[PDB]
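For chain B, the structure is supplied; the task is to place chain A on it using the hints.
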Amino acid sequence: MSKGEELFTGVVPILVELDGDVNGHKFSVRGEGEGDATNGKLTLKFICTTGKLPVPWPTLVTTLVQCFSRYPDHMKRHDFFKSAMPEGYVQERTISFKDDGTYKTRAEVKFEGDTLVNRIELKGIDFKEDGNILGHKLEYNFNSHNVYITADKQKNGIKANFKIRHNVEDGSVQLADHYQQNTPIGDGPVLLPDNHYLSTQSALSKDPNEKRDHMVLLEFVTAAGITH
Amino acid sequence: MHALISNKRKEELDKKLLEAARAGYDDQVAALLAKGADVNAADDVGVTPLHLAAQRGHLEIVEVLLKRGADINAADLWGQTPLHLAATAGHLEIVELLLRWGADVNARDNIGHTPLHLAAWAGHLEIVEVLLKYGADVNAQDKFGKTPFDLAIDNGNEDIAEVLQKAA
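Chain order of the listed sequences is B and A.
Positions 1 to 64, 68 to 231 (the deposited numbering) are the ones given, in order, by the first sequence.
The second sequence begins at 155 in the deposited numbering and counts up one residue at a time.
Bound conformation, chain B alone:
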């Protein structure tokens, strides 16, 4: 609880490792960066290292660290991610795209050495071949969304559900419904937050000096919902 909060009192390096297969195609993305939990700032850069990514980059933004979300001084009691950090937690995600295939995601977030490691396993099924995702028909941008977090009271974790709205190159919005559940790893009492929500902002960029499939991301996250 308090130890996790004391851990996030500065700039922390972040390492993200993802490996997955969608419709048979195999890829593995490695990302490195820095996070500042005091203000909710995240600056990361991701590389594919296996050639050309079979899927559009934004589809993986929500899969590629909830512990770096800013919580005001009157919401410090509703911070589950920081309270369970020293050992980490486990994230289960089901991303159902609209009229397309689905993603299943199993991730573990741990604190190793001085860095924070997010290890992800992905499995994509039922994707079309002329669709926006596998056909590379999604543009390079990201909107802002609200993520609603509620308790579970049985598995010491939390539940979340939201909807990402992507932008097609033909002036269309594709809706990916995300269902999430978080469970602790270590056997220690952790804070169970009440119903609240997180506001997010993201900006996708490009590095002009990298000749691979790269993605530069700058992200801000904050907590709201509760009044005190």
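Rather than coming from a laboratory, the hints here were simulated on the basis of the structure.
A portion of the hints provided could be inaccurate.
[What the hints assert, rightly or not] Here are the computed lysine-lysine pairs in the DSS-like style, where the Cα-Cα straight-line distance is at most 27 Å:
(1) B:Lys45 <-> A:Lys297
(2) B:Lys166 <-> A:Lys300
(3) B:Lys126 <-> B:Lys26
(4) A:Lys169 <-> B:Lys209
(5) B:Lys209 <-> B:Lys52
(6) B:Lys214 <-> A:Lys169
(7) A:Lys170 <-> B:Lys45
(8) B:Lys52 <-> B:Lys26
[To be verified] Quick list of the computed label-pair ranges, beta carbon to beta carbon:
(9) A:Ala184 <-> B:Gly10: 17 to 27 Å
(10) A:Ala184 <-> B:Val176: 52 to 62 Å
(11) B:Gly138 <-> A:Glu217: 51 to 61 Å
(12) B:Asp155 <-> A:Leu246: 41 to 51 Å
(13) A:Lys162 <-> B:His77: 52 to 62 Å
The C-beta atom is built at its ideal place from N, Cα and C for all residues, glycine as well.
Positioned in the frame of chain B, the structure of chain A alone reads:
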């Protein structure tokens, strides 16, 4: 060759300068600057010694680097300037020094935030007043359309919201 050896030694000097600036060793920073290190050196992500010195609150190192020719308006991969980091960290003296030396007060990162945006987001009243003194635009808008007053009002900041309301 001598050219390759010179380049390798210069790169080692630049890396030592960056490490010293991040750590906060003013004596080593001055010694490396005198030996011929590059004050405008950058990482692979574009972070310069001024960025680290301003973010971590090393006022003396910031002032030493300014007098040697450090670019006060330099953006990393994420489009941040030393003023952005100084304002979001809350260092009043470094912000004042940067503003006096001629830091751009209306620069925008990859989301369109200005230093006043980050000052309102973090919740530092004195930085808001100082930025408004030098001519910050109150009605600036980011990519999502939010304004420095909106970020203050929705983040629980009260006095900053009142100041921004007065400034109109």
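For the pair we were handed, A:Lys170 and B:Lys45, check the Cα-Cα distance against 27 Å. Status holds; Cα separation ~24 Å.
Between A:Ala184 and B:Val176, is the Cβ distance one that fits in 52 to 62 Å? holds (56 Å)
Starting from the range 41 to 51 Å, see whether the pair B:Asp155 and A:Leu246 falls in it by beta-carbon distance. At roughly 44 Å between Cβ atoms, A:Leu246 and B:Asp155 fall inside 41 to 51 Å, so the hint holds.
Would you check the hint for B:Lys126 and B:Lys26, treating anything up to 27 Å between C-alpha atoms as holding? holds (10 Å)
Holds or violated: are the alpha carbons of B:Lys52 and B:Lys26 at most 27 Å from each other? Within the cut-off at roughly 11 Å; holds.
Is the straight-line distance between the alpha-carbon of B:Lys166 and that of A:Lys300 27 Å or less? holds (21 Å)
Has the hinted range 52 to 62 Å been met by the Cβ atoms of A:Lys162 and B:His77? This hint holds: roughly 54 Å between Cβ atoms.
Lying within 51 to 61 Å: is that true of the beta-carbon distance B:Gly138 to A:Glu217? 55 Å Cβ-Cβ, so the 51 to 61 Å window holds.
Restraint check for B:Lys209 with B:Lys52, where alpha carbons must lie at most 27 Å apart: With Cα atoms ~15 Å apart, B:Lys209 and B:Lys52 stay inside 27 Å; holds.
Would the hint linking B:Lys45 and A:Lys297 be met if the CA-CA limit is 27 Å? With Cα atoms ~21 Å apart, B:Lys45 and A:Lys297 stay inside 27 Å; holds.
Need the status of pair B:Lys214, A:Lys169: alpha-carbon distance at most 27 Å? holds (23 Å)
Verify the proposed pairing of A:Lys169 with B:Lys209, using a straight-line Cα cut of 27 Å. holds (25 Å)
Hint compliance for this structure: every hint is met.
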